[PDB]
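A.B. asks: My request is simple: use the sequences and hints to build the entire structure.
Listed here are the chains, written in short residue letters.
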Amino acid sequence: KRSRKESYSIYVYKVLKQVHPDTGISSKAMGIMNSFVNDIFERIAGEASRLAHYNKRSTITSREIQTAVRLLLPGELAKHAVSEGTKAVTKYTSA
Amino acid sequence: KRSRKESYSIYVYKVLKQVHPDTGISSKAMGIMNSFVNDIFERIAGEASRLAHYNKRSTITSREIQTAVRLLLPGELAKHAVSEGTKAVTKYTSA
Amino acid sequence: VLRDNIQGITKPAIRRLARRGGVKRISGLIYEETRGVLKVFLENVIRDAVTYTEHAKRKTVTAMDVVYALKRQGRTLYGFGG
Amino acid sequence: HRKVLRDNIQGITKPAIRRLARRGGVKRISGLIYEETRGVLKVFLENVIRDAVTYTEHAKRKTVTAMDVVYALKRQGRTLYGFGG
Amino acid sequence: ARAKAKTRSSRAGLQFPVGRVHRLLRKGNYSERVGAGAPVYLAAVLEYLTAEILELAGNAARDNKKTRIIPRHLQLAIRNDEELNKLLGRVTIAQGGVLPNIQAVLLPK
Amino acid sequence: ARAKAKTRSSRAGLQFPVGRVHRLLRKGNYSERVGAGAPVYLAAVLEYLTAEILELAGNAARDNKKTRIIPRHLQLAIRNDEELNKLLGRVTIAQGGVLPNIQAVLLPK
Amino acid sequence: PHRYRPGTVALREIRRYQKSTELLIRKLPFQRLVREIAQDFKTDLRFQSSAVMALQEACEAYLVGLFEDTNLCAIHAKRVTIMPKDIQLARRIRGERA
Amino acid sequence: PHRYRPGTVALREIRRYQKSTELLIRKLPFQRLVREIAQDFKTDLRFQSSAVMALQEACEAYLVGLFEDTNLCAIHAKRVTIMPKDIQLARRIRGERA
Amino acid sequence: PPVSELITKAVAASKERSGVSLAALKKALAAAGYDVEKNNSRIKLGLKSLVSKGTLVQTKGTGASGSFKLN
DNA sequence: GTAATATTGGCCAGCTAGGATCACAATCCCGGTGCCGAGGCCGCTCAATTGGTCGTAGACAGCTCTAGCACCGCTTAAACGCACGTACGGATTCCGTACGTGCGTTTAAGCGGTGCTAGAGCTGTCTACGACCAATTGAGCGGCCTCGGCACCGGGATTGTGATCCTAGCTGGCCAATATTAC
DNA sequence: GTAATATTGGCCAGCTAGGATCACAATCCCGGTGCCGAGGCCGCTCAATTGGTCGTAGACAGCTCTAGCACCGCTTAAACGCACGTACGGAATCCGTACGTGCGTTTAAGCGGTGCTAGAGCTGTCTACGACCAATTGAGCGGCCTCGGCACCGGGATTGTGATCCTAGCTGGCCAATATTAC
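Chains as they are written, first to last, in the numbering used here: chain A, 1 to 95; chain B, 1 to 95; chain C, 1 to 82; chain D, 1 to 85; chain E, 1 to 109; chain F, 1 to 109; chain G, 1 to 98; chain H, 1 to 98; chain I, 1 to 71.
Hints may be right or wrong, so weigh each one.
[To be verified] Under the rule of at most 27 Å between Cα atoms (straight-line distance), these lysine-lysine pairs were calculated in the DSS-like manner:
#, chain 1, residue 1, chain 2, residue 2
1, B, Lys-87, B, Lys-17
2, H, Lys-42, H, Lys-27
3, C, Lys-59, C, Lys-71
4, D, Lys-60, H, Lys-42
5, I, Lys-26, I, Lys-15
6, A, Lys-56, F, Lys-27
7, F, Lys-109, I, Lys-38
8, E, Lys-6, B, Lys-5
9, B, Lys-5, A, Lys-56
10, C, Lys-11, G, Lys-85
11, D, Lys-62, D, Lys-74
12, F, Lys-6, A, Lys-91
13, I, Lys-15, I, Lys-53
14, D, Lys-60, A, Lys-87
15, F, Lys-86, H, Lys-85
16, B, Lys-56, A, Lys-28
17, A, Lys-1, F, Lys-27
18, F, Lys-109, G, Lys-78
19, D, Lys-42, A, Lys-79
20, E, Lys-66, B, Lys-17
21, F, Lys-66, A, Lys-14
22, G, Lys-42, C, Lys-39
23, A, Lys-28, G, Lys-27
24, D, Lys-3, H, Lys-27
25, B, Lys-14, E, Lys-27
26, D, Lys-74, D, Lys-42
27, D, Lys-74, E, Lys-27
28, C, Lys-57, C, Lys-71
29, E, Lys-4, B, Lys-91
30, D, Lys-74, C, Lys-71
31, G, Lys-42, C, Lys-59
32, H, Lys-78, G, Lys-78
33, A, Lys-5, F, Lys-27
34, F, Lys-6, A, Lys-14
35, G, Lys-42, C, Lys-71
36, C, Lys-71, A, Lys-28
No lab work stands behind these hints, which were simulated from the structure alone.
C.D. replies: Here is the structure:
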């Protein structure tokens, strides 16, 4: 009939072909990557939501995401993630 | 001017006079009890909400509370907390 | 009914776990201690899993229930669909 | 207005570490513990103050309030009751 | 035409506020909808924890001949109870101090 | 009268789904309202983490002469990176195993 | 007559079981044990195979990390052998009741 | 001539500082130090007094728990003295990078 | 110099109610300039045999462990 | 066969321990004091309550078929028990010195106080932004096919380990030389 | 003093450490092979998109005033430095045996194959319940007041520690009682 499981697999495959065109991915590892993305997602989204209420703000915006990212990732990871994310949001705003 | 903060103090004082009529509570301790209650509340409410979505349930009910209580509190504490809570909900339903 | 299968976690299995942990020499009392430790861990994890199950008015414990039990314990397990 | 408050880590003096340690039950302490503990303390503080200043910046405030510190600790899973948590 | 006011907490035979907890579950954005028995059960649970804590803390203070409980008494109550010290084990109490705990080997012979 | 379809992810120059993440922030009932730049920024962040991980894992697999990454490679990538091992430090990886780590004193002389 | 001196084959098998990923606990005893634990909380409970495999996967990771910390405790003692006192210490410091 | 043998007054001050609750870090050095740390992340930052007091209360609880675990590590060695190796071990086992 | 002749001269260096310690013999023979590093087992046999002769005596410990006296 | 010498057990004396005594510091305790925080009271307000409506989440029943369970039989790797031995843990001893403890000296915290003001906090305005909706549609899911990656097998190669032997060196003993003893 | 003997030095034999070599087995590497899972294709669907509306969240300016900051000047209390010394850590040694290693035997894990049912998951119905609104009201908040618990202290009382003195138990030497050797 109609049963729906949610994953990020194809997006992970896209990223992988962007970084390592000559490399494959085991279905086991794609279930791990799917779980990893969902976990990181859940942490960041929980911190951003939790932060907004803690700040008496009712909305999640680029600021709340920026501070949750800056919060959760340590050092050099945060600096680069923040950098590319700002670049991307700028491009999206321009579009 | 009128500024309102939130606390449980009077309720804590009521409980205290129910259990220890001849005992006082310092405002330092009433600020810790207030923080106490809010932290336990945040854990239980977060687990109950989190559990309902993880069960594809859109509502927090006595069931959701019962399993979060049973889940957080360890052993003899949970058994008694569950017991009095069931007693209280029954009384409320009867009323 | 099942009884006394905690001995099922046999001596060589403990030996191999330790070895995967970098252990070289092992005193003979480690085996009972580790069986007890392991018994403790499982009874917490299984308590949480059966609880999540009961809550769903369900009578089978899914892998997702196990994942959430560990995830609550702060020992999130990837790979099982979590 | 804005003092340059450098070299201050040594302000956590030997006897202060003695009395904290003593509150922890230790009886005899080797003279090298002091530098190790100062390093530990700078690390702990770095992490906490980073998280706190972050929670602050988000609010657009330029003052770090106690609510920010308790949220930072609570975020590091070291929740502290008594300061408005 | 209007019935005499009867607080939900009095309808449940409690001291904790049912309306405030109800508000906090809805205004916490925990769930878009909240059942009716959830706030009652939750207030009762918070009631039990505070009563347990306050019983133990009052015991500690009277044991220390203090007629009024203070944070040290809370730290004593918590750390001297096993299941509470388990629930609040990762918790640091303001002005709590530590249990008197000298490891035996440290005492002189 | 209708413009040619342009996916938000293509409007951002990404591969991760902006619509799906948008859906998840709104459906997960994190907040009643969600800004427009939040899902974009979030998808980019998830993109960066997955690309970092996959770069490291592919390096590990090629180092192991493996043309395809498998969970052991993920465990190697994670545990061999300091900041990742910090982010996922409390994490247990399926079929990951452990880093080869023999403490020096254990080697014979 | 040939006999490897004690400790050599042990290091070989260390290198081996660290290079490897196979589950180390025998599957059927661990499943039966899981059933023994669950039986105490409720009777007539059914387990998906993936769920039991998850418990096994998790137990192996937990004990391996525990043995990492334990071996560190033992080596700190300047004792190559691990003994139960090492386990109670490693656990007490992990913060779990012990 | 009177001189308490080493270890006795130490035990008395242990009983004392465990009976007591006063903050043990001197307030002004700790506040100046906090400002030192914050200055690195951003300049011209202002601290409410309650916030600095919170950092101090938390630091004292963290170091006290660390010394609890460290003393346990030292006693396990059968060494009454604590040394830095004990600290790196206690921290590595707490899971914090060390 | 061959061993068993410097050990006598070393134990002759002291009178102690429970004998000269092994640590003293190590330090004294090092002070004589001898390779106590590499010849340690030769030293242990020389000492144990020479106390076994009764020319020296072992008075606490056992073997090279503990303490020693002259005849 | 008998006696003197020597041997063995006991006593007196000496040495070392354990118990009792003393003197001082720390803790506590009993009682007085004031002081301030806990606790109570007051008229205010918004949040709690009540009641009625809508719709929709979810309880419930019924059907499907996945998958969990049970059971059998075989083969075999893993487990077990035992023999054996080395390396380890642990007990003992000893030593040097890093700690601790107790002085005087120095510092800066702490307190109280004053003065200044950045910035927290609140209010009002308003609009950009996000929710909602219907109509549109194409990316994403499931099913199917396939072919290349790789696990396995076997032979050859390499590495690591333990066991063994050889040689140079040193120590111990014999014969000769020198130092000592005798002529 | 000189020569012979007995002690010591030189030569030879025996023992050990280091170096070298061999034996052998675990690991690696390499080909081939066949399996099967990754990856692509197709078709179908519903979630993403677009554009428009509408409400309001929050950006922004402006004002109040709290609270943070800065400086000053005494007052101790704490930090500091140093002298002295002892308990500790740590090195070294040794012994006993607990665990590793290896072998032969036993067991049951694993596979796989079959059969069966209960329970997993879905759909459809229908309805109790909760959101919501409007009107009502009293519990809770802040402000004032107030007074008893408690911190502090001053002065005794009790306890703990460190050091010393005496009585005692144990061990050693000589004497008493007894076997061994010489006459």
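A.B. asks: Of the hints stated earlier, which fail here?
C.D. replies: none
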